[PDB]
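Shown next as structure tokens: one chain only, the form deposited in one PDB entry.
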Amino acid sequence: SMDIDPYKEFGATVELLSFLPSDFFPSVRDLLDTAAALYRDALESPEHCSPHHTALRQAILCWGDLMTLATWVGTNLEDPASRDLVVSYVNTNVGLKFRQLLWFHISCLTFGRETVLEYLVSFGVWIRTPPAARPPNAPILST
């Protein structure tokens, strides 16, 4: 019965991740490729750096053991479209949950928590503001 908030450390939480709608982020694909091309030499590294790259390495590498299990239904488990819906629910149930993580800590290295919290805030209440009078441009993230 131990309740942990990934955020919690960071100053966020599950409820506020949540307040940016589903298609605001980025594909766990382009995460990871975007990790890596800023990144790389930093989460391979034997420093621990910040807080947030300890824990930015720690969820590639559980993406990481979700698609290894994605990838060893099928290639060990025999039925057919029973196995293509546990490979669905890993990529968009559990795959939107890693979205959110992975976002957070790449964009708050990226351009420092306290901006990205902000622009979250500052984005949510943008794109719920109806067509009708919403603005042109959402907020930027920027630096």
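Numbering follows the first chain given and starts at 1. In this text, rigid core is short for the largest set of C-alphas that superpose within 1.5 Å between two forms. Compared with the form deposited in another entry:
In the core-aligned comparison between these two forms, the C-alpha of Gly74 is the only one from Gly64, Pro26, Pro51, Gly74 that shifts by 2 Å or more. If you fit the rigid core between these two forms, you'll see the Cα of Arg83 move by 2 angstroms or more.
The rigid-core alignment places the CA of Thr92 2 Å or more apart between these two forms.
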Given for the second form:
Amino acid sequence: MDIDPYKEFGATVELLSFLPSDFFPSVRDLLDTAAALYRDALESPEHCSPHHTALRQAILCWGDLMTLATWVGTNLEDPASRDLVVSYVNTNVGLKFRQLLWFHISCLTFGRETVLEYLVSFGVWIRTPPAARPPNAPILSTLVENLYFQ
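To test you: the structure above is the form deposited in one PDB entry. What is the structure of the form deposited in another entry?
Just this one chain is shown here; partners and other molecules are left out.
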């Protein structure tokens, strides 16, 4: 079975990989943000939306991963070979969940197409040589003849 967690939400793992790790908040900051904005919906008996359902699982899975990793770290041989487990989370599964949690939280806040446009805008900005690009990053929340039809 080849399941892409982003496919049902109009994205792909390959698209989220266009963003380097430095772009994403930490998991703990993503989790704290999910609580501050969406705790009541996330804890409710109502589906709310597919992003809500998915985000619920991602949060619980991270708990699963940390419980197992902590149990491994609390009973493994060298209290120096924990730096390896911590590093393995940071270099591998940590970035995956930063991508995933950021994706659902930001989609719930700004909508999929704003999220997907910002994904490419920032991924292009950060690949432009710093001496040739605008000093500040593009901004996620951003975006006459209104008078004619008054």
